[PDB]
Amino acid sequence: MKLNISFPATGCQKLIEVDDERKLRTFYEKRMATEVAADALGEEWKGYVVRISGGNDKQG
Amino acid sequence: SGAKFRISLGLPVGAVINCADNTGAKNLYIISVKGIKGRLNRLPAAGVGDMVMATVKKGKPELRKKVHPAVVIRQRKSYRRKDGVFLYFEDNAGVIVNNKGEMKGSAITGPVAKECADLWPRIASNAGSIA
Amino acid sequence: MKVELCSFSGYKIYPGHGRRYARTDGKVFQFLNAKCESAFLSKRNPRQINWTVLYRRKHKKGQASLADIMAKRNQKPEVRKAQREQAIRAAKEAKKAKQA
RNA sequence: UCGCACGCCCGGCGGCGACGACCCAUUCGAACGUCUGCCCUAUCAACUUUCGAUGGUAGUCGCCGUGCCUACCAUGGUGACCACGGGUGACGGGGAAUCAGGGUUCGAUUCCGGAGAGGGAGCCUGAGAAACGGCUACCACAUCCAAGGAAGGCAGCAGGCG
RNA sequence: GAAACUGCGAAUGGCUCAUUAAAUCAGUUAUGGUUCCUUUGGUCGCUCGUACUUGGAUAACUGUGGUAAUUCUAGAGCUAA
RNA sequence: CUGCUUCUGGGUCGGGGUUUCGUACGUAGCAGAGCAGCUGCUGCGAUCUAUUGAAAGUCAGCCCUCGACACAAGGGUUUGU
RNA sequence: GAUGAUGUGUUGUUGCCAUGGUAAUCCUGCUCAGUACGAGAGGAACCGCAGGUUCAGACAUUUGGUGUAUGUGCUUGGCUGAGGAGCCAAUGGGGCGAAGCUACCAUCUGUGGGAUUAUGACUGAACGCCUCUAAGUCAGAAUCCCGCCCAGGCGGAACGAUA
RNA sequence: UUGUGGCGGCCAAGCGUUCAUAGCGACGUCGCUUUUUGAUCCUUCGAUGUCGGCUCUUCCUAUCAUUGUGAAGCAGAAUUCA
RNA sequence: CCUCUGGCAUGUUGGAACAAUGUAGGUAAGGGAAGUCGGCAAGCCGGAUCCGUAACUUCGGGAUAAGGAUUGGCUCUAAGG
Ligand SMILES: Nc1nc2c(ncn2[C@@H]2O[C@H](COP(=O)(O)OP(=O)(O)O)[C@@H](O)[C@H]2O)c(=O)[nH]1
Ligand SMILES: [Mg+2]
Ligand SMILES: [Mg+2]
Ligand SMILES: [Mg+2]
Ligand SMILES: [Mg+2]
Ligand SMILES: [Mg+2]
Ligand SMILES: [Mg+2]
Ligand SMILES: [Mg+2]
Ligand SMILES: [Mg+2]
Ligand SMILES: [Mg+2]
Ligand SMILES: [Mg+2]
Ligand SMILES: [Mg+2]
Ligand SMILES: [Mg+2]
Ligand SMILES: [Mg+2]
Ligand SMILES: [Mg+2]
Ligand SMILES: [Mg+2]
Ligand SMILES: [Mg+2]
Ligand SMILES: [Mg+2]
Ligand SMILES: [Mg+2]
Ligand SMILES: [Mg+2]
Ligand SMILES: [Mg+2]
Ligand SMILES: [Mg+2]
Ligand SMILES: [Mg+2]
Ligand SMILES: [Mg+2]
Ligand SMILES: [Mg+2]
Ligand SMILES: [Mg+2]
Ligand SMILES: [Mg+2]
Ligand SMILES: [Mg+2]
Ligand SMILES: [Mg+2]
Ligand SMILES: [Mg+2]
Ligand SMILES: [Mg+2]
Ligand SMILES: [Mg+2]
Ligand SMILES: [Mg+2]
Ligand SMILES: [Mg+2]
Ligand SMILES: [Mg+2]
Ligand SMILES: [Mg+2]
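Protein sequences appear in the order of chains A, B and C. Using this note's numbering, count along the first sequence one by one with no gaps and you end on 60. Using this note's numbering, count along the second sequence one by one with no gaps and you end on 131. Using this note's numbering, count along the third sequence one by one with no gaps and you end on 100.
No lab work stands behind these hints: they were computed from the structure. You may find that some hints are simply not true.
[What the hints assert, rightly or not] DEER-style ranges, computed between Cβ atoms:
1) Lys60(C) - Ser129(B): 51 to 57 Å
2) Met32(A) - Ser78(B): 34 to 40 Å
3) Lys43(C) - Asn98(B): 39 to 45 Å
4) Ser129(B) - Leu5(C): 19 to 25 Å
5) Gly101(B) - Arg56(C): 36 to 42 Å
6) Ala82(C) - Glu43(A): 34 to 40 Å
7) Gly101(B) - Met32(A): 40 to 46 Å
8) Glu4(C) - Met32(A): 45 to 51 Å
9) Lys65(B) - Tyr11(C): 30 to 36 Å
[Claimed, not checked] For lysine-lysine, the following DSS-like pairs were computed, each having C-alpha atoms within a straight-line distance of at most 25 Å:
10) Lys27(C) - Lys114(B)
11) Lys82(B) - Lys27(C)
12) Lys114(B) - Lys65(B)
13) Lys43(C) - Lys2(A)
14) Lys27(C) - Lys77(B)
15) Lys26(B) - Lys60(C)
16) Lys2(A) - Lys46(A)
17) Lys58(C) - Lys58(A)
18) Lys23(A) - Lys2(C)
19) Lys2(C) - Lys77(B)
20) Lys43(C) - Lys30(A)
21) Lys60(C) - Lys27(C)
22) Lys35(C) - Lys77(B)
23) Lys114(B) - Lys100(B)
24) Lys95(C) - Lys82(B)
25) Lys58(A) - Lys37(B)
26) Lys95(C) - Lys81(C)
27) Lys57(B) - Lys4(B)
28) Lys77(B) - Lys43(C)
29) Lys82(B) - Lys4(B)
30) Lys2(C) - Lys114(B)
31) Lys2(A) - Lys58(A)
32) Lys46(A) - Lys58(A)
33) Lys12(C) - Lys81(C)
34) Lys26(B) - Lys77(B)
35) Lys30(A) - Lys12(C)
36) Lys104(B) - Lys57(B)
Ideal Cβ placement from N, Cα and C applies to all residues, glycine included.
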């Protein structure tokens, strides 16, 4: 499951990939465009709160 | 590879079920099930996925008075999936299928259960929605 | 496990329980128990039956770099009106040249 | 709102236009209306109606008039002058062939009007569509596939089977 | 001046004759019973109550992509009428 | 197959827990097709809304009680290497 | 199927096994493998793996049945003046229904050894060589017997308490 | 009791392209069986309830399948005989 | 079917249990005569109102043929002396 992260304060982006779900239920069972905290993601992810903005399914 | 688990059968010999395909046949009277040994005074019954032998009781003229192998598609006896759901369907159903699995029809009306769609892979391709 | 919701009532169906229904047109409806199943197959609206969830939500019960951009941005307006004045030093002399 | 030439009063006046508009005209029309006109069949003689049939009143809807629809009343409307029903190997017409005078047959076919895009149905935009070289379903047929889905409509020009 | 937004056209044309027997269609009149983009010609300071030019989105584009596949398009970032 | 005075034990009742059915009687309501008697009011009115997932039943073969109430050191018959 | 009997002094606990009964069955799919074999066409097996038929033993979480908890609502005719609360109609009828029973109509589980039969062989004479047999020897099976499992003997044992 | 019915031997003319016996087997001949029918009338006429089917247990083997095997005109697959 | 007047004590006995097998009622998922000689028994339909009604025929029938819809409670209105 890929994650297209994007910095809108200056306006850049790139793509990352992760393949485990106890790092990813921070996103699950929400709406689209709610506010979730990315502080439960990993080593570099402290203090980052984030918008999930929707994306493509397994079939795109 | 993985074989077909046991599901509760509720279509004995002598059941008319909906012939739900685009041949023109509208009934299937079950005459005998394929693969059934049975004991003394045991009706050979069929469930979902059980390829059966039937006779068209109502429909086109050139599909009656002749035995067709068929495949049960839907039953309304509530069978038990292994993950713990007692699924059943609105009506009983079946399509007409030769001895190699390929359908005499070209399309299937309504849903085909997964217990038949995994076992007969050419009934699954003509199926609009699965289970 | 997927802990799904009952179609007639709207309670929370746990994995072992319940019963699944599938009509001829798709529409796979779950059910918690036969009390709900009989009331669905009798075609009863949940909005009229006091013990479900779709009743109680109806009746509402419960509850140019950035340095240069900022450098010209922060500029003090008497310098701006002096720049307006050398724009006048261009324009009014040029319009005297227009008539001249 | 936009473009080209650019002048005149001691900032203000100005030229030729281009575009866009409420409403009335005019044009292209469309749309229901009036009168008259059609082949075969009586082995079709009564049909039409509370499922609007023919009227009256008041509304709905429509772009308008209107049983077009709704409510309430009236019991009507058509027919031996062929109603109603069935058939058409029937789109109608300008016309075509044959012909003394009469006629009889043909008119799918390039001009006008109509209907239809596989069969019915429903709609979006638009002044104009119930459009199909637009969309949404169902029915029938049918293309790709990783099986989760996607897209289509030659009775347009060629061309292919049948 | 590619690209893209906006306006307009795509309801004309072309094909076929399945349906339809007062229906279509033909001569005829009406619309004082209705609409009508367009083109032309009228109206366009007739009202008595920041204007030296008001606002904020969006496309192209840069960038990151997903789907087996479509004239599928997603999140971000600039910008006009 | 069990139980029958270590301030302990079972038993009844009560209480909760669980659960089944589906929202009690009364009361209120300018909610109620309407109707009647007085000049806007008062009565009749199936049903609805609120109180109200209310009311009612729930071990007799459901689960915990440590609340109340009484009971419980007994009766009878036989058995000796 | 159910009491019980004899004696073991009386009783109780824990047991032993003499004996009888006995049970599991067959198939399909994946793989082996489009391989061995065969000019082809066709086309298997052994070990594994996943399931199923018939059978036996259970069991109630879940699904279904039942349902007079006559539990709770709705309701017809009547009856208690009416409401309320209820009753009768041989269970008034109908929903929905707890507990308990219950269903391949839900779910779980179903075993390992020994001597060997048929047969294939070893050494090896009879009968100079040969020979699976004559003395001796090996493999050997849905059979047989035992195990596992059910009952527990006019069958025992250990151990406690013994007015 | 075993004609008749059923089942199985022996001998080997011939079938099996070749080849008696893989599988068969003429003319003859020897037996077994009481799931056929006859034959007899011993038992039962002071009554043994006289066809089938359903249900249910047990037994035989002259084996259809399954286990293990030997043989083929058994290459595999199928199938015959034991 | 329920009640009033009148009549009676459940029809030649009681109590405690709710095992098998009965007799008499019922109910059943999925299938619907596959059971059996045979749809035996059970089940289905059922009253009324508004529709609709075929073959055949001795013209009388068939005929409630078959096949549909509605039915409660409450509040009105109209018509029938
Ligand atoms: N094991 C193996 N099989 C092969 C090889 N080459 C071909 N095959 C197999 O041969 C089989 C038949 O081959 P195919 O081309 O279809 O037959 P052909 O068309 O007559 O040559 C196929 O199943 C192939 O997989 C090889 O190099 N090794
Ligand atoms: Mg039978
Ligand atoms: Mg026609
Ligand atoms: Mg025609
Ligand atoms: Mg023409
Ligand atoms: Mg034609
Ligand atoms: Mg058209
Ligand atoms: Mg075509
Ligand atoms: Mg269209
Ligand atoms: Mg086209
Ligand atoms: Mg067109
Ligand atoms: Mg052309
Ligand atoms: Mg033993
Ligand atoms: Mg090959
Ligand atoms: Mg080879
Ligand atoms: Mg249960
Ligand atoms: Mg139940
Ligand atoms: Mg139950
Ligand atoms: Mg009451
Ligand atoms: Mg009585
Ligand atoms: Mg029930
Ligand atoms: Mg051994
Ligand atoms: Mg030997
Ligand atoms: Mg040995
Ligand atoms: Mg020869
Ligand atoms: Mg005698
Ligand atoms: Mg006797
Ligand atoms: Mg033998
Ligand atoms: Mg009695
Ligand atoms: Mg008495
Ligand atoms: Mg049933
Ligand atoms: Mg049923
Ligand atoms: Mg039978
Ligand atoms: Mg039968
Ligand atoms: Mg009967
Ligand atoms: Mg009749």
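Evaluated hints:
1. Distance hint check for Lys60(C) and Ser129(B): the Cβ-Cβ separation is about 36 Å, which falls outside the suggested range of 51 to 57 Å.
2. Roughly 37 Å separates the CB atoms of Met32(A) and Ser78(B), a value that falls within the hinted 34 to 40 Å.
3. Against the hinted window of 39 to 45 Å, the Cβ-Cβ separation of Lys43(C) and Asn98(B) comes to about 40 Å, which satisfies the hint.
4. Take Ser129(B) and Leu5(C): their Cβ atoms lie about 21 Å apart, and the range 19 to 25 Å holds.
5. A C-beta distance of roughly 51 Å is found between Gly101(B) and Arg56(C), which places it outside the suggested range of 36 to 42 Å.
6. The hint said 34 to 40 Å for the Cβ distance between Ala82(C) and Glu43(A), and at roughly 55 Å that hint is violated.
7. About 43 Å separates the C-beta atoms of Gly101(B) and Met32(A), a value consistent with the hinted range of 40 to 46 Å.
8. Look at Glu4(C) against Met32(A): about 21 Å separates their beta carbons, and that is not inside 45 to 51 Å.
9. Checked against the hint of 30 to 36 Å, the pair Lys65(B) and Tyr11(C) fails, with Cβ atoms roughly 52 Å apart.
10. Proposed proximity of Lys27(C) and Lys114(B) is supported: the alpha carbons are some 15 Å apart, at most 25 Å.
11. With a CA separation close to 21 Å, the supplied pair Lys82(B) and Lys27(C) stays within the 25 Å bound.
12. For the hint pairing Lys114(B) with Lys65(B), the CA-to-CA distance comes to about 31 Å; that exceeds 25 Å, so the pair is violated.
13. Annotation: proposed proximity of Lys43(C) to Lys2(A) is violated, straight-line Cα distance about 45 Å (limit 25 Å).
14. A threshold of 25 Å between alpha carbons decides the hint, and for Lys27(C) with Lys77(B) the separation of about 18 Å falls inside it, so the pair holds.
15. The suggested pairing of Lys26(B) with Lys60(C) is violated, with an alpha-carbon distance near 49 Å, which exceeds 25 Å.
16. Restraint check: the Cα-Cα separation between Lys2(A) and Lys46(A) comes to about 20 Å, which is no more than 25 Å; the hinted pair holds.
17. Proximity of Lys58(C) to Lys58(A) is assessed by CA-CA distance (about 37 Å); at most 25 Å being required, the pair is judged violated.
18. Taking the CA atoms of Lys23(A) and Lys2(C), the gap is about 20 Å. The hint holds against a cut of 25 Å.
19. With a C-alpha separation of about 24 Å, the suggested pairing of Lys2(C) with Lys77(B) holds against the 25 Å cut-off.
20. Distance hint between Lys43(C) and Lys30(A) is unfulfilled; the C-alpha atoms sit about 33 Å from each other, more than 25 Å.
21. With a C-alpha separation of about 28 Å, the suggested pair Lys60(C) and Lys27(C) falls outside the 25 Å cut-off, and the hint is violated.
22. Between the alpha carbons of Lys35(C) and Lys77(B) the distance comes to roughly 18 Å, so the proposed pair stays at or under 25 Å and holds.
23. As the CA atoms of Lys114(B) and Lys100(B) are separated by approximately 20 Å, the hinted pair is consistent with the 25 Å bound.
24. Of the supplied pair hints, the one linking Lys95(C) and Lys82(B) is violated, its CA atoms being roughly 93 Å apart against a limit of 25 Å.
25. Among the hinted pairs, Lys58(A) with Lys37(B) is inconsistent with the structure: their alpha-carbon atoms are about 45 Å apart, more than 25 Å.
26. Distance check on the hinted pair: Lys95(C) and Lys81(C) sit about 20 Å apart at the alpha-carbon level, within 25 Å; holds.
27. Between the alpha carbons of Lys57(B) and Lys4(B) the distance comes to roughly 29 Å, so the proposed pair goes past 25 Å and is violated.
28. A threshold of 25 Å between alpha carbons decides the hint, and for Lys77(B) with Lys43(C) the separation of about 21 Å falls inside it, so the pair holds.
29. For the hint linking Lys82(B) to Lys4(B), the alpha-carbon distance of about 11 Å falls within 25 Å, and the restraint holds.
30. Restraint check for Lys2(C) and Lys114(B): satisfied, since their Cα atoms lie roughly 18 Å apart, inside the 25 Å limit.
31. Straight-line distance between C-alpha atoms of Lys2(A) and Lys58(A) comes to about 11 Å, which keeps the hinted pair within the 25 Å bound.
32. Taking the CA atoms of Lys46(A) and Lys58(A), the gap is near 29 Å; set against the 25 Å cutoff, the hint is violated.
33. A threshold of 25 Å between alpha carbons decides the hint, and for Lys12(C) with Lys81(C) the separation of about 71 Å lies outside it, so the pair is violated.
34. For a cut-off of 25 Å, the pair hint linking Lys26(B) to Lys77(B) stands: about 21 Å separates their Cα positions.
35. For a cut-off of 25 Å, the pair hint linking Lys30(A) to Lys12(C) stands: about 18 Å separates their Cα positions.
36. About 17 Å separates the Cα atoms of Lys104(B) and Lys57(B), which keeps this hinted pair within 25 Å; it holds.
Of the numbered hints given earlier, the model fails hints 1, 5, 6, 8, 9, 12, 13, 15, 17, 20, 21, 24, 25, 27, 32 and 33; all others are met.
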